[PDB]
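Visitor: Each chain is listed here by its residues.
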Amino acid sequence: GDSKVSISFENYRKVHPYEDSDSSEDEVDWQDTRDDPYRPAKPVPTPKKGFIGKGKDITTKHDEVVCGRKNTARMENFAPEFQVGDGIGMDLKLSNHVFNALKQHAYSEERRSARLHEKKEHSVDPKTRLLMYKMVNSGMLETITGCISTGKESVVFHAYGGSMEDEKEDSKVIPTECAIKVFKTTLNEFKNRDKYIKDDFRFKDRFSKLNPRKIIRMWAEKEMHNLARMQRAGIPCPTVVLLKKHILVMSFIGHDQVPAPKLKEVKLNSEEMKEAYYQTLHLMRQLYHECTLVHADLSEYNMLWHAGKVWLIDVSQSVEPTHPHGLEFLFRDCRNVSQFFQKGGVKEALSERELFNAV
Amino acid sequence: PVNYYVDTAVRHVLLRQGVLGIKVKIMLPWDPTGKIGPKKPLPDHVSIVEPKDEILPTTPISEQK
Amino acid sequence: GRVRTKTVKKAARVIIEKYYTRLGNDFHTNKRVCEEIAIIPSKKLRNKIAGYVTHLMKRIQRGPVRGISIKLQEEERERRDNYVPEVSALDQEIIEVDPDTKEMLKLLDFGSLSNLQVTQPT
RNA sequence: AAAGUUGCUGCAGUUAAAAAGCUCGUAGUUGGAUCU
RNA sequence: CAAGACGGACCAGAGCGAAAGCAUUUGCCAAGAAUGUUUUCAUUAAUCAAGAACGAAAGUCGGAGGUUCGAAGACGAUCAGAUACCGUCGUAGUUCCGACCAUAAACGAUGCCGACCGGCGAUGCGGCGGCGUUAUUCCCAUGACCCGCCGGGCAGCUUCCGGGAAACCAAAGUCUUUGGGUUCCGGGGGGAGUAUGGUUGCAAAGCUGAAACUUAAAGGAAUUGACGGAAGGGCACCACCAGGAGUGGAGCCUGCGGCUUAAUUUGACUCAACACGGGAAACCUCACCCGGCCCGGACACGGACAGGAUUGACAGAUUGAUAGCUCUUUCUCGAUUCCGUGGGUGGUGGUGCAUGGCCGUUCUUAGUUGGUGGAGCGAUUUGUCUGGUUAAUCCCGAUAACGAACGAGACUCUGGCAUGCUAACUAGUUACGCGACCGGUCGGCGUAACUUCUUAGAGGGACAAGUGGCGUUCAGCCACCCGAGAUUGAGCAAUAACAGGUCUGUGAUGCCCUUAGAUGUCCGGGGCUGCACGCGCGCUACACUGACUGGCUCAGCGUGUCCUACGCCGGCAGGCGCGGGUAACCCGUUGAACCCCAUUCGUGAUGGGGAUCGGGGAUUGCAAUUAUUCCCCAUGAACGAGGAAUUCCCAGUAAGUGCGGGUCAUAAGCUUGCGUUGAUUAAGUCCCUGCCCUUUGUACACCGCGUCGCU
Numbered sequence: 105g106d107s108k109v110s111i112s113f114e115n116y117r118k119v120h121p122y123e124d125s126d127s128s129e130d131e132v133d134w135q136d137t138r139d140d141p142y143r144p145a146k147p148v149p150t151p152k153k154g155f156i157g158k159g160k161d162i163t164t165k166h167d168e169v170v171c172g173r174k175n176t177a178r179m180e181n182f183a184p185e186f187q188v189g190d191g192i193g194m195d196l197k198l199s200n201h202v203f204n205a206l207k208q209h210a211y212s213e214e215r216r217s218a219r220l221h222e223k224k225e226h227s233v234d235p236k237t238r239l240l241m242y243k244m245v246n247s248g249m250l251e252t253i254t255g256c257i258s259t260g261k262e263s264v265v266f267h268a269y270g271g272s273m274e275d276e277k278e279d280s281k282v283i284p285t286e287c288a289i290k291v292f293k294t295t296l297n298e299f300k301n302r303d304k305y306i307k308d309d310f311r312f313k314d315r316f317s318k319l320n321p322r323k324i325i326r327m328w329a330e331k332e333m334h335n336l337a338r339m340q341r342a343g344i345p346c347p348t349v350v351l352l353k354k355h356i357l358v359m360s361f362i363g364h365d366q367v368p369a370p371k372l373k374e375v376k377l378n379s380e381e382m383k384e385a386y387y388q389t390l391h392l393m394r395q396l397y398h399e400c401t402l403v404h405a406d407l408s409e410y411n412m413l414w415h416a417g418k419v420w421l422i423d424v425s426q427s428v429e430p431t432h433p434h435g436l437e438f439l440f441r442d443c444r445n446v447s448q449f450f451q452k453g454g455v456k457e458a459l460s461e462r463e464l465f466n467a468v
Numbered sequence: 163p164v165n166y167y168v169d170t171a172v173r174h175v176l177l178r179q180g181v182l183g184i185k186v187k188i189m190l191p192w193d194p195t196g197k198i199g200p201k202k203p204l205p206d207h208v209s210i211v212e213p214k215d216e217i218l219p220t221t222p223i224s225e226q227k
Numbered sequence: 002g003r004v005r006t007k008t009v010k011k012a013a014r015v016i017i018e019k020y021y022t023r024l025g026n027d028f029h030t031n032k033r034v035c036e037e038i039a040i041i042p043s044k045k046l047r048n049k050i051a052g053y054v055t056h057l058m059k060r061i062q063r064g065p066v067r068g069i070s071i072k073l074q075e076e077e078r079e080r081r082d083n084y085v086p087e088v089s090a091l092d093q094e095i096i097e098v099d100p101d102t103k104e105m106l107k108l109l110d111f112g113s114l115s116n117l118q119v120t121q122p123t
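Residue numbers (the deposited numbering), protein chains in the order written: chain p, 105 to 227, 233 to 468; chain D, 163 to 227; chain R, 2 to 123.
Some hints could be false.
What the hints assert, rightly or not - Partial chain D-side listing against chain R, Cβ under 8 Å, derived:
(1) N165
(2) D169
(3) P205
(4) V208
(5) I210
(6) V211
(7) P213
Please keep in mind that the hints were generated in silico from the structure rather than gathered at the bench.
Backbone N, C-alpha and C fix where the C-beta goes; we use that ideal spot for every residue, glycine too.
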């Protein structure tokens with residue numbers, strides 16, 4: 105009937121001189137004529153007396169045959185997702201007990217598809238801007254001046270802080286110039302940070318099932334804690350005044366809304382480079398010994414030169430020495446610092462292994 | 163085969179609401195062209211002719227003709 | 002890798018099932034006679050059908066085929082099927098029997114048989 | 001009335017509502033054959 | 001040694017008890033089922049309001065004694081918030097005597113008594129009959145066994161008796177073919193077994209027990225699997241290992257953002273945007289801006305108009321413009337019209353979330369769906385698998401399934417092979433002759449052949465074919481011979497989908513917006529390219545395996561009525577003349593580049609590398625100002641192999657190298673193809689990521705937001 109691998113009965117065919125006999129070649133054409141059933145009936149206006157004719161051949165109003173054909177034609181105007189068949193080619197006398205059920209199903213199906221579509225349609234950030242405006246209106250920050258540096262994970266904005274009129278003895282002094290770092294929460298690229306977050310015992314049980322916004326908040330809290338630990342040990346770092354969600358406010362490094370230049374961008378002399386290398390080594394030793402943390406992101410951009418002093422920033426990725434990758438990260442940071450110092454012409458700069466042993 | 167069996171014909175109809183597209187893909191049959199259908203069959207169908215039922219040997223017969 | 006599909010295997014099966022006589026274990030002899038019977042399209046289908054025909058008649062020499070059914074089965078299996086030994090294994094010279102069965106025979110009026118030997122269930 | 005969703009006709013009671021924790025026991029209800 | 005406790009292992013779907021419950025020896029006291037009975041009474045019975053005895057654990061009064069364990073209570077750890085959680089002590093209690101309490105998932109979630117309807121053999125007790133075995137062969141009975149049978153039990157297994165919504169039940173059966181007897185008790189979900197009343201108890205609480213009101217469902221079985229983060233399996237150079245080339249580090253081009261601007265049209269924003277919109281824009285393009293020109297307003301009505309509706313216009317003023325665009329100048333033109341009312345046209349003007357079509361993506365996957373047959377009332381299920389097999393739901397074989405169809409495969413184009421075929425003056429060779437040079441060379445000339453080279457058509461050829469192992473010895477997998485190839489690269493691509501892109505490709509388009517100082521047409525100029533900065537491709541390099549120069553020497557697609565040969569002038573860019581080619585006829589034997597030999601440079605920001613900048617020259621174009629290009633001197637800067645991260649690739653492959661086409665009046669750093677040189681590593685995995693696929697469960701449960709204020 106329809107198989108590809110087929111059998112042929114040619115040898116059993118006896119006689120066939122004139123194969124194209126005019127018996128199977130009937131020209132069947134009924135579409136464009138008036139003999140096709142798939143054509144409108146050209147409806148008669150509705151009778152007022154309720155029937156057509158008289159006597160015994162009175163064709164009444166509903167007249168179950170006529171009403172069935174009419175209900176079939178009314179099915180033909182259903183929803184596109186409905187499937188009818190060939191109800192006009194075969195004489196289908198469909199009744200209201202059946203047609204009304206099918207009509208109800210068509211309505212329910214189209215309505216539930218519309219509900220699914222409507223549920224589908226019902227599915233710095235504006236929340237960060239609202240938080241910044243609320244902080245500015247609260248008197249903590251006088252005015253948001255501008256953006257100082259744009260990073261991959263966070264945006265740093267320089268601003269002028271306000272003068273709090275509340276005479277509290279325990280009130281922290283608000284700096285005149287402040288840097289607000291807002292962590293980017295709309296970027297999905299922050300996925301490798303769990304390599305430096307899950308290994309910390311202080312937040313592993315919380316970051317085991319935290320949301321990305323909660324992960325950003327925990328990262329901001331860890332950065333604030335690292336900044337507080339660095340400030341407690343006397344290391345040069347920005348002092349955090351207040352932290353709100355994914356936005357952390359710290360002391361700005363510079364003057365007249367100008368950020369402090371990085372070590373790579375600063376053209377320092379040989380004695381200045383030696384002093385900067387010594388200050389960086391002392392800061393690394395203090396962080397390893399007193400702060401008990403490894404920066405793990407120490408480079409030329411992470412260190413800023415201000416008033417002849419080296420200041421460390423971006424301590425969000427900093428981890429403790431007890432982490433399983435703390436020693437390798439400290440060695441990598443020491444190697445980067447040694448390479449940066451050797452590039453600057455510091456002959457007194459020790460090697461990576463010597464710097465790792467001394468730190 | 164989709165080049166010489168199906169007859170794709172797209173047309174646009176203009177209604178009150180807008181435009182409806184119509185695709186009609188009619189696959190031509192076999193039975194080579196007595197005004198109907200292409201010559202070559204579908205490049206997969208193999209049809210096997212049944213053998214003529216031959217005479218089994220019973221006795222060696224030499225008939226001179 | 003190189004696995005034959007539905008069409009080529011089914012075609013080779015029906016080519017084995019009927020026209021088994023005219024083909025053979027030699028490869029190329031199959032090739033042309035496939036062309037002589039099945040009006041087949043490309044030669045890649047042909048040379049793939051004629052491969053499985055040879056690979057299936059090599060398999061015939063190992064015994065029956067689980068997929069085909071023709072009642073010919075070479076000319077040896079027919080000879081093997083109607084084997085008759087010279088002496089029936091049922092006409093045994095002596096048979097060891099349980100006394101219960103002998104009681105059944107005696108109750109059956111068949112108590113005078115001579116080839117029976119009553120053994121005891123030791 | 002449909003209501004066999006008040007059930008004598010004619011409902012249910014393992015899991016959907018439901019058989020007392022168990023036994024004795026009075027009133028009640030029903031009670032083996034057997035006399036033409 | 002003492003103190004109280006509890007009788008494990010023996011302990012089983014066994015036993016007894018009305019239930020709760022009931023395991024140490026021995027004795028005493030009454031009880032009790034079943035059995036056996038040619039025993040005695042003779043209907044004395046079944047179920048039961050009231051009423052009564054018992055009723056686990058917990059609890060309550062008095063006493064006794066208190067091993068252990070232990071509610072309460074006391075410690076210690078544990079933290080954004082622990083107060084559950086865990087380990088240590090410890091009261092009542094747990095133990096015995098005498099009185100209350102009378103409740104349990106007190107369950108078989110299945111009242112009691114009686115009859116019938118399938119089968120089977122285990123187990124406990126009693127009884128009956130025995131082939132036979134043991135008490136060291138027992139001297140006869142007798143206990144421990146075995147083979148049966150009966151009655152009454154606790155259970156089991158099997159069945160298409162039958163029933164049921166089904167799960168299941170041999171009773172939950174013998175039910176619309178509806179009646180053996182009898183007790184209790186239910187009537188949608190809550191409110192609620194709550195209030196009130198009565199009664200019991202010392203008490204806690206028990207028994208009895210509503211209403212108002214509120215709600216359209218609550219609830220029981222069974223089916224598919226969204227979903228699993230639950231687990232394994234499986235596949236992928238848009239994943240990894242080993243690696244190669246890199247990108248990211250510089251300069252430049254281009255695209256997208258931001259910043260400016262009169263405008264720096266426009267869409268697209270993980271893969272599935274960012275050398276994409278054939279989108280490399282002097283005008284056009286061109287939508288955008290700054291200003292002008294025209295009606296190119298069809299057709300219908302009304303008014304004007306022949307005693308003119310009008311059109312076009314020289315000279316001057318204005319004007320970038322022989323822009324009557326307006327004024328002066330007064331010459332033309334014979335209804336071709338004009339002004340409003342209507343509604344037509346033209347839109348690169350709005351909505352891709354109103355659309356068609358096309359395209360992209362899930363997916364270049366591995367599925368999709370009937371027919372007949374089986375099971376179930378039905379949702380549904382088998383077919384569509386236990387396993388093996390493959391690139392493939394590709395296949396084998398089991399098998400209540402048998403056969404199919406779409407997809408994959410087959411197919412079509414291209415590549416490798418044919419000294420067999422077809423036939424070449426628009427292709428080539430050989431021979432001979434003619435030469436030319438020193439028997440060798442000639443792409444240097446002509447006729448005999450001829451098809452090997454070149455063309456392009458048929459036919460052939462390769463199939464796991466043969467061999468050896470592996471194999472559920474099937475399906476097929478590794479290795480080898482012979483062979484040109486034991487096998488390339490693409491096109492087409494299923495079911496179901498996406499608010500993916502496109503109204504900006506259409507005289508495709510629905511609702512529209514505008515339509516005469518127009519979002520319509522055309523023109524002039526500008527802009528799309530403007531630059532502090534960011535993000536993606538791409539191109540040059542970082543020098544010695546290199547650069548310069550000279551010499552040498554080989555292609556393939558494939559364009560061309562513009563492609564160009566040849567001769568002359570010029571250093572080049574170019575210019576002039578004469579030709580051929582509408583094309584295997586001519587460019588062209590396409591004397592391409594990398595590469596091959598020789599010279600010089602020798603680790604130097606060096607002659608590496610040419611970003612930036614001046615001057616000149618030529619071409620194309622109305623117009624090169626924003627350098628359009630191309631050429632010649634000069635200027636010679638960052639860059640000394642590149643952080644985090646990241647892309648692509650398995651064999652004529654990656655890389656290196658140039659040629660053609662598209663865009664093109666002028667043009668490639670893009671892209672589509674094409675040859676040339678030509679590798680390393682691996683031939684394996686789920687380690688990352690992504691996608692699968694099978695099994696099991698499977699259609700937001702609970703404990704941890706408030707203070708005050710007056711009317």
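Visitor: Hint by hint, note whether the structure agrees.
Guide: Outcome of the hint check:
1. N165: 15 Å, violated
2. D169: 22 Å, violated
3. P205: Because about 4 Å separates D/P205 from the closest Cβ in chain R, which is inside the 8 Å limit, the hint holds.
4. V208: 5 Å, holds
5. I210: 5 Å, holds
6. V211: Holds, about 6 Å.
7. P213: Given a least distance of 6 Å, the restraint on D/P213 holds.
Checked against the numbered hints listed earlier, the structure breaks hints 1 and 2; every other hint is satisfied.
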